[PDB]
Amino acid sequence: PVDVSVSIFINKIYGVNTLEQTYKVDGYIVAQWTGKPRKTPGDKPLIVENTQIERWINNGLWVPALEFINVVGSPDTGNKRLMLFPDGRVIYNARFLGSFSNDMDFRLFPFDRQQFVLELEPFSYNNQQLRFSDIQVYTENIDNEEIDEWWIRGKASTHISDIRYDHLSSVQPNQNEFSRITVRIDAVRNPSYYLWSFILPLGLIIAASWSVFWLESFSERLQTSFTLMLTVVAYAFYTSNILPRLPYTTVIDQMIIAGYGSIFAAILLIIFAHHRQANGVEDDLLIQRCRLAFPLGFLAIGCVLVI
Amino acid sequence: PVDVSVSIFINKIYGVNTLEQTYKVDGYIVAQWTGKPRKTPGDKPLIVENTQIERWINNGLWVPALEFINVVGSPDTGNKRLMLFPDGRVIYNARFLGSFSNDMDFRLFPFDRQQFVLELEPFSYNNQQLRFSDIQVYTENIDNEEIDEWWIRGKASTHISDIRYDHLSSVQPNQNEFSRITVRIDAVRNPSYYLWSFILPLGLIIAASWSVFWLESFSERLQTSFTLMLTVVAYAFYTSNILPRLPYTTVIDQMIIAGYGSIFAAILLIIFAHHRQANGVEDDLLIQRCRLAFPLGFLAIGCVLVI
Amino acid sequence: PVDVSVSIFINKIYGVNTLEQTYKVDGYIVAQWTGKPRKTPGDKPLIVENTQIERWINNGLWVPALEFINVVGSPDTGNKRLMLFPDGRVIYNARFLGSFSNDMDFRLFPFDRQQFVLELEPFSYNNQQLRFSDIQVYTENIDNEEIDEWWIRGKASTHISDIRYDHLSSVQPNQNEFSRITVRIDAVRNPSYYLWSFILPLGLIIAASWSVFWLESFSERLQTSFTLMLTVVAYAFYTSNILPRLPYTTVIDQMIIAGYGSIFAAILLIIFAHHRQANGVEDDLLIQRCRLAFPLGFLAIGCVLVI
Amino acid sequence: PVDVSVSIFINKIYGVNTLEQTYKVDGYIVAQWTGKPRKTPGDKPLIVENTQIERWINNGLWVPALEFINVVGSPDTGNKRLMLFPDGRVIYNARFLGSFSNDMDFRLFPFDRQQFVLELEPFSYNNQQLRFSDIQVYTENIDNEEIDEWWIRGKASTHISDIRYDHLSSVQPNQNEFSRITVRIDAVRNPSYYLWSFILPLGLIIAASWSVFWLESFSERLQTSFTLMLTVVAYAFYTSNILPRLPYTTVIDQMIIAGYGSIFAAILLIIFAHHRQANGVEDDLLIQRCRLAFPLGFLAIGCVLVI
Amino acid sequence: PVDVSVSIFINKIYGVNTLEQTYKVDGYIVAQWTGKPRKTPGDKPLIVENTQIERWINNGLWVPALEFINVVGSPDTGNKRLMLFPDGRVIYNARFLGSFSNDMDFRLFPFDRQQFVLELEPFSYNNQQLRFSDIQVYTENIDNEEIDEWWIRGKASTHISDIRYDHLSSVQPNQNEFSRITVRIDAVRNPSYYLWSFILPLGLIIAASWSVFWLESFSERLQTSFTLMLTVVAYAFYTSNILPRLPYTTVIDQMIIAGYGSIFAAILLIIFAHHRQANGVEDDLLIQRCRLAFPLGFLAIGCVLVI
Ligand code: NA
Ligand code: NA
Ligand code: NA
Ligand code: NA
Ligand code: NA
Ligand code: NA
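Residue numbers (the entry's author numbering), protein chains in the order written: chain A, 11 to 317; chain B, 11 to 317; chain C, 11 to 317; chain D, 11 to 317; chain E, 11 to 317.
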C-alpha cells in the first residue's frame, strides 16, 4: 500500500445548530505520501498552485481523494497546493470549510459537555492500497476564554482505526476495510450569560409566585395568581425565543413547567382554603400557613430534578 | 436492455419544512451495470476519481444519468467514483444532498406518522434500454431514540415499478414506460417536548379560566375574565412562534380556539347571571353553579375533538 | 423561420414572497424543432446526456436559448437532455427551478384570487428566425386540496403572442418582434386556518371590548378599557408576526384599526358620561345605554368595509 | 479610443436592506461598439449564444469588461449574447442581478425620498482606450402605484462623467482617468400602511395615557399609569419587530420616547399632587387640572419635533 | 526572492456577526511584482481580462496566490485583471468580498471600540521566495458619520511582519517563515439610537419601580410590584430581541438584572414592613421611609457597575 501522513489544522469552530446537530469547522488539511522520483526543474522542489492540479492529474499523477465522513454536502474548498519534491515525496495542502454532524447531546443545556468529532477516510482506496501512518492535530488557536461561547478544554485527541464495510464483500473477496482517522475536540459551553440572565430571574419570579400566600383577601389572591401566571407565560416566551430549538426539555424548561404547576397548585389550595368553611364562619388561616412549607417543597422538587 | 443494480445509503435526515413540504436527505448512491470488457492496466480494476469521469465520457464510455424525481433544484453532489473492472462490470458511486418533496400530512401534529419517500428514475433511458434489477437500501445509521426529533420505526421498504408517460406517445410508438425505484422510510415525531411544554400548560391555563366562577363580585369576575383572555392571547403567541407554519390548525390550535370560546362563554354567562334580576333583588347564584358542569362540558368537547 | 413546439411540465409551486412578489416553480421544459438530417449510429436515435451538449454546440449544432422573461437571476437548471433523431427532428429536455415575478395583488388576503404567470421567449432569435407553434402545459400533479396552501382551480391556460420591442428599430429595419409564450395558472388561497385562528378571536375580543359598558363604576370601566387596549395590542402583535409583510393593510388590519378606534371611542364616551353632570348629582345612565347600539354600529362599519 | 453606447434595462427593484444599505436591481445591459469588419457566413449578422463567447475571446475578439462600481460580490449574470454584424459593429447583450449599495438616508422613515443609483465603469480600459458615447435608460416597467412598496416618480436620469484615480499616476503618466456612467432612479416610499397601522394607534394610546388625569383616586391613578406604561412597552415591541433595523431613531421612535416621557411625567406630577398637602387636608385638585394643558404641551412638543 | 507591492482598497464594511465574530469587507486588491521582459504587441502594455488569465498560467507565466488568513471559506472574487508591461513589471488587480474573523470584544456594547483586521499572506511561497515590500491602504471612502452604524476614526494602519511556522521544519531546514501583511481599521459603534431607545426607558421604568413605596396599602403595593415585574419582563424581551446574541451580558443586561433584583428587594422589604408588627398595632411607616434611600442605593450600585 501507500502510507499517507495527515496534518489537520483548526482555525475556529462555530455554527452550532442544535436542531440539525451540525457545526462548522474551518481550517487546513495537509496530506503527504511518497511516490516515484521525478525530474523537476532545478534542485528546488516544484510547486503547483490552484487550478493547475488538474493538468497534472490528467498527465497521470496519482493523488487520492480524502473525504470527510460526517460532513454534509461538500466542504467549501479554498486554495489548494501541490508541491513536488524531486526525491519522491508529494505534499498536498488544502483549506476547507464545512458543516460536520455528530451525536451532540444537549441535556443540561447551560452546563453542556460535548465533543466535536472530525472523521477522515479515503473515498476510493481501501486498506490494502492506502494507509494512514499518523496524524498530529494542530489546535494551536487558543485565546482568552472570557469572550468565547465554547471553552476548549485540553488538547484534541487523534486515533487511527480500520472500518470494515459489509456491503463490499459482494465483489471484493478479502479487501473490504478502510483506514479511518477520527479526531475528538472537547468543548464546554460558557454558562455565565445563561446563569446570570435566565436562571436567576426564574428564581426571582418563582419567589414572587411564593409571595401570594401572604395576602388577606381571597379574590385579590386569585387576581394576584392570574397576574403571576401571565408573568410566567411572558418569561416563558422570553426564554423560548432566545433558547435554541432542541427537541427536548432543558433545566430551564423543567423550571418553567414546575413554576406553572406551582401557580396551579397555589390557585387550587387557596380555592380549597376559602371553601373549607362549614357555613362560612371559618377563616382561611390554618391551611394557609403553608407560606414556609411550599417554598421548601419546591426546593425539594428542584433538588430532586437536579439529581 | 441494460440491467442496473442500485444501492442507496442514508446518512441522516433533517431539514423538514412544514410549509414547503420538503426534507433534506444526505447519503450515498451506488449504481452497478455490466458492459463490454476492456483492457485495464494490470489485473487490478481501474478506478477513476472525481473530475476525471468527464474524460472517459468524452472518450465514449456509456454512463446513465440517474436523477431523483422528487428533488427540487439539483442535489449537492460531492465526490464521485467510477471503478472499472477488466471483466466488464462498472460500479458508479456518488454522494448527494438535496431537498425532497412529499405529501407529508401534518394533522395530529405532536403525534405525527409520516413517511419519507425517495424516488429514483433514469433521466434519459426508458424500460427497453435501461432496467433496475433490485435495490437494497442501507438505513444502518440507527442510534438512541431519546435525543432525536424523528423516531425511525422499522426498516425502510423498497419497490421497483414501471411508470408510463402519456406525452411520450407522440414520437415513440411502443417504448414509453420508465423504470422507477421508490423507497419509503417511516418515521414518528418525538412527542415528549411538545406534550411537556405545550399541552400541559394549556390544561393549567384552561383550569385557571375555569377558576373564575368561584368569585363573588361581578365586576371583579369581568376583570378576571379579561386578564385570563390576555393570558390566553399571550400563550397563543407563545405557541404560534415555536409551532411550525403549516397551513391548517393542529390539536394545539383547536385547544386555543376552544379556550377563547370558553372565556367568551364565561363572560356571556356571568353577564347574563348578573342581569337576570327582575328588579335587582335576585342573586347571581342559581345559574352560577355551573362551576362543576362547565369543565365537564369542556372535557366532553375535548373528547369529541380528539375522536 | 424555425418552428419550435414547447411542452412545459409543472411539479409543485411554492416560495410565495408577498413583499418581493416572487414565487418558485419547479418542473421540466421540453423543446422540439426540426433540422437537417444526420447520420446517427444505427437506426435508433442518438441521445446526448448532461455536460456533453457543449461538445455538439462547439461542433456546430444549432440550439436556441429559451429564457424566462419574469425569472430573477438564473434558474437552477438540473439535468439536461439532447436527443437526436436521424430523420431530422431534435428534442431538447431540461429541468429548471427559479423564482418568477408577477403583479400578485394581495387585497382581501384570506380570500385571495391570483394567477401564477410563466413567460417564455427566445433570448436571441426574433419572429423571422424562430417561432413557437403551440404549447401544451401539463399541470397533471393535482392532489387533495385539504392539506395544501393553494387551491389550484381549473386547468392552466396557454397563449402564444408576438412582442414588439421599440429599441430594436435602431439597427434592425423590419424584424423587431419576438414570439412569446405566456402560461397562466390560477390559484386560490386556503382560508380555513386564517378564518379559524385570526378572524374569530378578533370577533371574540371585540365583543369583550363591547362588554365594558355593562359595568357600574367609572374608574373600574377605565381600567377595564385599558386592559382591553393592552389585549388588543397583544393580539395585534400576534397577528402581525404570523401575517405576511405586504405593504398595505388587509381585512385583519382594518379590523384591528377598527377595534382600536372602538376602544378609544368607548373611553371618550364613558369619560363624557361621567362628566355630563351639572353639579355631580346626575347619573351616567341615559347615554350609557349604548350597549345595544355600539355593537350594531360596529357591525354596520364592518358591513361597509366589506362592501 | 473606442466608443461604446450602453443601454440599461430595468425590470424590477427590490431587496432594500436598511442596515446594509443595499438593494437588488434586475435587468438587462446592452453594449455596442464598432470594430474591424469580418466575413460572417452570409449577409445576415452572426450571433453567438451563451458559453460560446469564450471561444471567440480565445480566438482574439476584443470585448471589454463593464463592471458595476457599487455592486457587492458579483452580479448573477444570466444569458449572454454576442451578435456580430459583418460591416463591423458588435452588439453585446447580457442580463444581470446584483445588490447595489448607496448612501440611502432613512430619516423621516414613513415619508422617505431616496434615489437608487447604478454606476457603470470599465474594469480595465481608461479614457484614452474606451469611452462611453451616450446612455438611454429604459425604465419602461411602470404599473399601478397602489400595490407597490416604492413609488417611482418621474423618469430616471443619466449622466456620463470622467473619474480620475490618484493611485494610477505611479506607473501611468498622463492616462489615469476612467469614463463612468451614473444612473439615478428616484423613488418614494408608500406611506399608507405605516400611517394607518403605526402612527394612528400611537395617537390613540397617547390619548389613553392622557386619560389618566380624569380619575379621582391616587393609588388607582398609579396603577392606571403602570398599566399604560406596560401598554406602551407592548406597542413599542410591536413596532420594533415590524419596523426595520436602521441604526438611528425615526419619527415613530421619537413618538415612543415622548410617550415614555409623558407617562413618567404623569407619574411624577400625580405623586407631587398627592403629597403637596401640608398636613393631609389639601385636595389634589388645583395642579391636577392640567388635563387640558398636558395634551396641548404634547402637541407643541410634536409640532417642534416635526419641524 | 521576488518583491511584491500590495495595494488594498476598501469599499464598505458591513455584516458584523456578534456571535460568529465575523464581518464582511468588500474592495479591491492590487499586486505588483517584476519579472522577465517579454515582447508584447506594440509599445503599449498588454492587458488580460477575466477568464483569460488561466491561458497565460498554462503557458508558463508565474503568478502567486495571495490568500487572506482570517477569511472563512473563499472570498467572492469578482472581475480579475492581469496587465503586462513590456519592460518587465506585472500588475495584478482583483475584487473580493468575504467574511473575516477577529477577536472583536463586545463588552460595553453601546460604547464599543474595536478594530477590523485584514491579514494577507502568500498561500504557497515563503520569505526566501516571496517578499512584501510595502502596502498603502486606501480607506478613501469616508462620508458623513450621522447615518452610519460604525464611526471610522483616523486612518487605517499597515504593518509587514514575518510569521514562522513550527510544523514546516520537518521537511524544510532553514526556510520556514512567511511574509504577512496585517491591516488594522479602527471603528467606533454609533451610540445614539441605543442610548435614546434602550438606556433611557430603562431609567424611566426603574424610576417607576421606585415609585411603589409611595403607596399606603400593602396588598395594593404587592399588586403594583407584580405589575412592575411584568413590565420589566416585557422590556427585557423587547431588548433581547433587538440586541445581538453575544454570549455574555452587556450594560443593558446588567441594568435589567439590577432592576429584577430591585423589584425582588422591594417585595421583600414591603412584606417585612407589613409583618414587623408585634400584634398588628404597628404601622408600616418607619422602615417604609426608604423612598429616598433606595434610589440612592441603586445609583450607587450603578456607579459601581460602570466603574
Ligand atoms: Na385591581
Ligand atoms: Na408580549
Ligand atoms: Na421573532
Ligand atoms: Na414577541
Ligand atoms: Na393587569
Ligand atoms: Na400584560
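Worth flagging that the hints you see were computed from the coordinates, not collected in a lab. You may find that some hints are simply not true.
Note that the list lumps identical chains together, so a pair holds whenever it fits in one copy or between two copies.
Unchecked claim - Listed next, the in silico BS3-like pairs over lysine-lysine satisfying Cα-Cα at most 30 Å (straight line):
(1) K49 x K34
(2) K165 x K90
(3) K165 x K46
(4) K54 x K22
(5) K22 x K49
(6) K49 x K165
(7) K22 x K46
(8) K46 x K90
(9) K165 x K54
(10) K46 x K34
(11) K22 x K90
(12) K90 x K34
Each hint tested on the structure:
1. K49 x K34: neither (41 Å within a copy, 44 Å between copies)
2. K165 x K90: Within. Shortest intra-copy distance 27 Å satisfies the 30 Å Cα cut-off; inter-copy 34 Å does not.
3. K165 x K46: Intra 36 Å, inter 48 Å, cutoff 30 Å: neither.
4. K54 x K22: Result: close neither inside a copy nor across copies, 34 Å intra and 42 Å inter.
5. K22 x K49: Neither: 39 Å inside a chain and 47 Å across chains, both beyond 30 Å.
6. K49 x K165: neither (41 Å within a copy, 50 Å between copies)
7. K22 x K46: neither (37 Å within a copy, 41 Å between copies)
8. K46 x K90: both (22 Å within a copy, 26 Å between copies)
9. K165 x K54: neither (36 Å within a copy, 42 Å between copies)
10. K46 x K34: The answer is neither: 37 Å in one copy and 44 Å across copies each exceed 30 Å.
11. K22 x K90: Classified as both; 19 Å inside a copy, 29 Å across copies.
12. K90 x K34: both (20 Å within a copy, 23 Å between copies)
In terms of the numbered hints stated before, the structure departs from hints 1, 3, 4, 5, 6, 7, 9, 10, listed from lowest to highest.
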